[PDB]
Amino acid sequence: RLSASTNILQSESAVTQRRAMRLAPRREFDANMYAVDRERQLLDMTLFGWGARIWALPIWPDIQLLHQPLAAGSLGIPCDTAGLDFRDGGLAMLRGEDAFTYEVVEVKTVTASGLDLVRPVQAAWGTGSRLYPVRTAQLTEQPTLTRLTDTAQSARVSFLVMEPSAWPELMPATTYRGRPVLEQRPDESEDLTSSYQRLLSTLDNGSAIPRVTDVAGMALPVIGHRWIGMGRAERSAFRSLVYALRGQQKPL
Amino acid sequence: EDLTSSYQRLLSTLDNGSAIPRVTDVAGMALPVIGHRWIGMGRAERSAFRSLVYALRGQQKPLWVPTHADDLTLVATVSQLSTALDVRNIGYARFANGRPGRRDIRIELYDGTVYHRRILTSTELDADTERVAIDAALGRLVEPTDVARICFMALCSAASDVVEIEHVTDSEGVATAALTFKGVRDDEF
Amino acid sequence: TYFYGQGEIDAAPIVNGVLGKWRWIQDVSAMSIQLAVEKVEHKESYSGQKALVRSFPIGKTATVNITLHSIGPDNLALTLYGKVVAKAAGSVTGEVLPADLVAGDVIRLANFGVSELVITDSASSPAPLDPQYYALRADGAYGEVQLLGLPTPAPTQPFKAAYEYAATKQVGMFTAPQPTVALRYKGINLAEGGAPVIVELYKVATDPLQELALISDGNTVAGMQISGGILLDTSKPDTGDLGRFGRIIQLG
Amino acid sequence: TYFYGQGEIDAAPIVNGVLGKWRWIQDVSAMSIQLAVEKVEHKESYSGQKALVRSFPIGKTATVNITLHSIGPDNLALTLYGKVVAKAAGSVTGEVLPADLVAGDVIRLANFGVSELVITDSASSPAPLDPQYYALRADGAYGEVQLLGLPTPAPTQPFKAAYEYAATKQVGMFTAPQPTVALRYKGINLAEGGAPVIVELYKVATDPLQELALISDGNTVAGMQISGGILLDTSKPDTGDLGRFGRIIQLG
Amino acid sequence: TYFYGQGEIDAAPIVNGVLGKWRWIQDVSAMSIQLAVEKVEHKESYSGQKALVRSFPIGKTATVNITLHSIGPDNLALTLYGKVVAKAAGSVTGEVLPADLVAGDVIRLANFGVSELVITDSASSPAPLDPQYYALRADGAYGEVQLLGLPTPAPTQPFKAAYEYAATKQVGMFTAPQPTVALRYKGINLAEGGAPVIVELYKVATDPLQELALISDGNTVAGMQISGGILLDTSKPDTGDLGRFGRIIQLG
Amino acid sequence: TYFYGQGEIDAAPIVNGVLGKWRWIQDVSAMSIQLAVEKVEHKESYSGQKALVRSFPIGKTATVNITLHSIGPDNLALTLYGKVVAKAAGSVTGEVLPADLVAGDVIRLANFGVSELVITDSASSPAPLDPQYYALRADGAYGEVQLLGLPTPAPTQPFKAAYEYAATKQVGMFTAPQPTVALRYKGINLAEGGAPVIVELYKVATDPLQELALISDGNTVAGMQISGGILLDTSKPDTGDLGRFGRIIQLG
Amino acid sequence: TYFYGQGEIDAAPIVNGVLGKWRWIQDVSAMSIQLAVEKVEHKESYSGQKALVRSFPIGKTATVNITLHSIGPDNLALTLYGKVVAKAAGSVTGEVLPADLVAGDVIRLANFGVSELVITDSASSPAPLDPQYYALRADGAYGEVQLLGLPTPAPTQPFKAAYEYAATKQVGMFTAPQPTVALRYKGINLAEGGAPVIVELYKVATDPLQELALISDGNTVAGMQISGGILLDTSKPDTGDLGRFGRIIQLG
Amino acid sequence: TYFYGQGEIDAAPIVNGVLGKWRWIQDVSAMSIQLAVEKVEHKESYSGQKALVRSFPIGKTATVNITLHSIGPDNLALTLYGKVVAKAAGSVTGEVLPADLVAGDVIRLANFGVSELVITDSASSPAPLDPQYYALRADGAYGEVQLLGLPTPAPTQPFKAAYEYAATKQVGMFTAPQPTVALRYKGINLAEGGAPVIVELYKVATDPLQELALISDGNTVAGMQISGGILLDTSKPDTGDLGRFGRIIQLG
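Protein chains in written order, with this note's numbering: chain A, -15 to 236; chain B, 5 to 193; chain C, 50 to 301; chain D, 50 to 301; chain E, 50 to 301; chain F, 50 to 301; chain G, 50 to 301; chain H, 50 to 301.
Quick caveat, the hints were computed from the structure, so don't treat them as lab data.
One thing to keep in mind: the hints can contain errors.
[As the list claims (entries may be wrong)] If we take Cβ atoms under 10 Å as the criterion, some of the chain A residues that face chain B in the derived model are: (1) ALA8; (2) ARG24; (3) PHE32; (4) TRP34; (5) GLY35; (6) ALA36; (7) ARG37; (8) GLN126.
We put the CB at the ideal spot given by N, CA and C, even for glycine.
The task is simple: from the sequences and hints, build the whole structure.
This is how it looks when you write it as structure tokens:
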């Protein structure tokens, strides 16, 4: 979930002034998880002691697998960084089959082919170990753990990132009258709706009969849109478009 | 019916302004919440449950509510006089080192005898094993093969005063009810 | 110790709880008793399996199905929620037939089993019509009279018909309340040389017939299936070992 | 005391509550009557056996299914919600045929059973065309005429056809309101030497035919199945023993 | 290494957890054991193939179905939730028969297997009725007596009947709590020259019979089907290799 | 008065309401008409039965199913929502075959019915290849050409193929709007000596084919099943007894 | 290029990921592999048809079903979630039989395969009972001892029984965790002269047996059906063409 | 005008929209094409008959099912979402066999089709073992070798095996993306003397096989069933008569 604040006030005529407040939208993640063998007790203790405090949440959607083994003590992890949530001076977190097989390192810069590192890695993981971008996050609400058996608990964990998420802002290539044009064709899987919202207030319903006065006499249509990614490039382009929109501020 | 456990905290005062939010732990303590269900199958059990409900007087009277998990498992036998219980590393030392909500142990041996202990302090020994301590003695030498569970205990009281006793068949029959217990700081401290 | 049962069935209506007069239910082809019990289960979780540990029955009901091939009026009353009506044989003298009658029309009389049919012509001088000018379809089993012809000097159109009707038994539809009948079965077990076996059902509430094929195709006698639930009788002793639904007696 | 019934069925349409004229529904292959009752159950809990203790009926309905093999216009009107239309035999003198006709075209006439077909050429001097130049398909029963050839000096294309058409009976579809018919089944029970049995149904609301296979395969005659619900007649006495849905009469 | 089993089944009722006395359940035609397990599945998304990666069982249950052809009172008590009742043979001296009796009436006695029936006339001078004036139906097995005639000087209507009744065994219905039986199947595997095989079931909770056709058609013996769930015994050692639900023993 | 129908069927497309040119639908194996009516019921409660008292039809719809065995292009257009395309026979002179051709490869031509195939080698001096070095699979029914061999002095790889193609008829998929066709059936009733019977359906909307087994197994001719709903025609008189869905004509 | 497979199957348990020792699964009658894929569809709407335009698979799972006819203890352990227990042959000296023993009772010994049975009477002077006073049902295959009679001077009731028992193999119920077994199939293809074909499944999770007919009717060998899902192995190379579920090898 | 089709099917994989090289899918037993259309219905109420009056299609889809009996590696790759892997024949020199071997153990080699097997003893002086001391099961097709015996002076347990392995073809499972294949059915209509018929399908998305019985029972060859949906091709002209889903060509 990408959320931003933009309080807009319109006059009697259908004219709007927009005052986008948040430059960096707050990011929220919602997911479900399980814990059975040695992860349930660890999860219980982890949410018991640490509780409501800053985490280092790996970016699950940005999962990545190493193509070559990483030598212990090596400086630099050559891996794909095309359209990934990797930033200079950020964090990275390797992972293994189990929760414990992990280690966090600090990334200096992105070379488009690797991750420059300042501190050498103290343990070598071969091909198959997962690589996760890391962003600071906090538990918005403590999960309600559902006991499935003697040792089993499913949780609905929700996280909010407490760091700005920089990302390039790009608009559609086509331009019309000096403004962007949305050339993407919406998905028709779910039937969509269109409505003509009007500033038709002041119905003045008394006792005999009502009467409506067109304050502006203009109709502003409303259109719904849906799309499917099917790839990394399309998702990155959509994220760039969302960032460029800045909520309701930027029109197109 | 699958039940749930949650760690309610006095985590108010989020102070969400315009730039970013920040949360301050007013007390830095977690009080667990546990749900409970039972079946009567008889008059005596129903009478006992009614007596317990009357004794509770809502949330006023507290009482320990042992969990039924397997949080801790032994990895090495312990002598009767020893107070150095060894359990596999679960980050207990980093998170649990003696502070209300944690601690308290129920051995629940295979035969049926259960020993109630009190954790004193946990020290990290290895990436896979620990040497968590206890208060006094164990009772006998118990091997890892002769332990069912540990099921961390915790003092709690009712979370909702209203109790629904669903009578199904008859007094000499079966009844269903649901109870919820929440941790509370009591017992002279 | 093997069962292959044949025998008879006796039913006694229950009218406000006072036992009625037992009667034979005539031929029967199939009798089945079904028992259904609902249970609530308790599951432990100390073994890590969450397997079923205990279960106590809460529901208890018994259903009985009977297939009878008898279309006797008593069975019709018991099965169609009807009550038998007996009409004594008699005579009619002044029935008026439909007017505007011509050859080819069919007339229907209010009574069945018509015989000695006479049709007197309406005039100052009565003149019974000739028998050869009318015919009785189905030998007067339904009072159906067919006109063969009329004399060239067309007589007075309205007619006065007199005849005799036989006694009959009638059963209405849904004209009686839900019968409550106790059942006694008289199965002889052939597998043990014809060993007597007794089954008694104290209280049974029947369900109206499901289907009745008036016109049948094949070599199968028409069948009547009745479903009923065995109610709990509150008059019998509770601690008595005989129970309150039924019981079975096997001499030996 | 056994039933294997065959016989006749008679119906009388009910219009505005006044009895109509009874008619035979022609051959019928199957008739069945089904009774349905809804019950609300009361239970008592003193025994701890959680079992049924009383039940009182609430719903009361009956349905009748009839399979007739007659496609007569009267039965068609009864089943298709149609009204019979009688067209008298007549003649046509100046019917205009389609233009731009050529050999191989098939022309269709507005009436069936065409005979003495005459096609006059359009010209100042009438000149009927040679019969050899056209043919009648299906012996002119379908009103279809086929062109066999045209003279080398092509005559005037528009044509005037005169012929004779026979009388016919038509039935509409959904052109009549829901018929309400009283049914009188008069069957013979062969199991008792052919004993007489009568079934009376005061008010029946029919349902249009479910299927009608115009092109049949095999050795089975086309069947028409009609379903109907026996309504409650409000004119018969409530305390009358004859009931209000139907009745059965047996002589004995 | 192939199985085709035949043999015997023994059951021991479990009361308050103390083992009962084992007994044979008489002939049994079919036994089957079914295992059901519920599983919660964990998946990993790094491959983009959205496929299953791990699964851990949660539920664990077992059910046993048994088809017995024995209608013995002990098996009836086991299956009908009844308790056997033994009635010793005895005599009756002053049973009063219904009044207003006439020829053709059928009277029923409270006991079966009647013999040496004597009916004394009610009068100052006792006068037993002639045996020729009454008959015993079904050889007095159903306790039914039919009147063949009465003397012209009609004797006193009320009657006193004295006779002898044989011993009988009765079974109640739903008069006993849910039985808990331990089953021991001892079968012979013919596929291995008749090798010995034993199956042990510590705790089984049965379900009453589903159907019981008292009047059977065909050449198939009446069958009693019983379903039951194998509960978890809490007395056996948890680490014991023998388990807690059942066991199989094979000699080799 | 009995029906066993065989005959033909005629269909005329409706394009904006103007009647089209009737055409025969070729052989047909099964035609069925189904009528469905929805009803709303009113229930009295004065008799204590709450039985159905009245019911009036609210819904009315008719569905027609046809099974045709003809794969004629006209029927394909009517059934596949397609429009026929006619390609006249012609010749080709400069088609270029795929390069890098070797023995064992199969070449496919854009047209079917190839004959007089000639392949001219690409060079300053044209040199048609020897016919024995290629073969025509399926006698040129698909332009499939197989290379038998190549001369040791490998000629210029690109080839120029010329040939003649025959005329053909093509049908697209979903290339036409929902057809609306009036149907006229010409059933002859054999049960009455071949009595003509007419059925006309004014407006019918068809549904595309459900299945088409291109490769069939057995001795059954491929069948094509089409479903259609009879719409309500608004042009016919409302009070006219002929109705608005269809009608049936039976001479007599 | 045609398949009709017969052969053998090998299974190796996976215990914490380390390959186990392969073993033959004995005779097998049926093996099936099912693939299920879930897809999300994208629909365009520019053509007016809203027809499916694109679809990408999101789900992927494979299920394998095996039917084995072997009741070997290893297969029982693999299928019943059990672990084999081996008991060595031995002897007993001081078993105490139930008291209050009389003729007709049956005694059961804790061990099977009893031989050389001796029952010593309890008294100051031991006096082994005569063998003719007891019998061994099923030749001591279950330790079932039947009392034929007792001496007139009733000896001391408690008995001390000594005998020898043979070794046996036992399998518990649900006494082992969910097995994870890799499968190797050795199908020989008869359609190609017995061409070898290999199928390997890296990781498979089985499901307990669905049914087990201990007493079978007919001429069919008892069958054991097992269902399992093929998990995704994370150890194999991702880019390796061998995949992660399984693979098939066909020499040629 | 009748269809009974047999013939060939050709497929061309579609990669990034560029046509691939067509290939034969080997023998095919059944092909069927199904059309589905969704419709929204409009009704008019002026008649009071509440019946359908208009309907316009909304949905448009098509699916194709194909049953192929070929297990060729190319077809396996097409259906199993796999990619063929070719392994060339080679040799092994220093493969190490498992230790702690004893007579009766079965060892497996990493390659199939083993020949010229040589096992050298581990010692300072190499000493190949006698061939009589080991055997090859299934003629070394499964890479299985069985130990027949060992010399009394037990040689060094670890062994070095050298042999030759033949070439093989492998297919992965779910190792390839959803194939998109264009299908060309070329069948012969026997009902018209073997007339030519062609069916074209531009774009088809397949679904993995549903079932694959490796061990077959009976006389029926193993069948592979594949389902696929015909997508909408966006490259063909919209107004083009050939459509965008498929086509049928008939010569005439």
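Consistency of the hints with the structure:
Of the supplied interface hints, the one on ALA8 (chain A) holds, with its beta-carbon coming within about 9 Å of a beta-carbon of chain B, less than 10 Å. A hinted interface residue such as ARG24 (chain A) counts as satisfied when its beta carbon comes closer than 10 Å to some beta carbon of chain B; here the least separation is about 7 Å, so the hint holds. Interface restraint check for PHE32 (chain A): the shortest CB-CB distance to chain B comes to about 6 Å, inside 10 Å, so the restraint holds. The closest approach between the C-beta of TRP34 (chain A) and any C-beta of chain B is roughly 7 Å, which is under the 10 Å cut-off, so the hint is satisfied.
Among the interface hints, the one on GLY35 (chain A) holds; its C-beta lies about 6 Å from the nearest C-beta in chain B, closer than the 10 Å criterion. Taking 10 Å as the C-beta contact cut-off toward chain B, the hint placing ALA36 (chain A) at the interface holds, the least distance being around 5 Å. A hinted interface residue such as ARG37 (chain A) counts as satisfied when its beta carbon comes closer than 10 Å to some beta carbon of chain B; here the least separation is about 8 Å, so the hint holds. With a least beta-carbon distance of about 5 Å to chain B, the hint placing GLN126 (chain A) at the interface is held under the 10 Å criterion.
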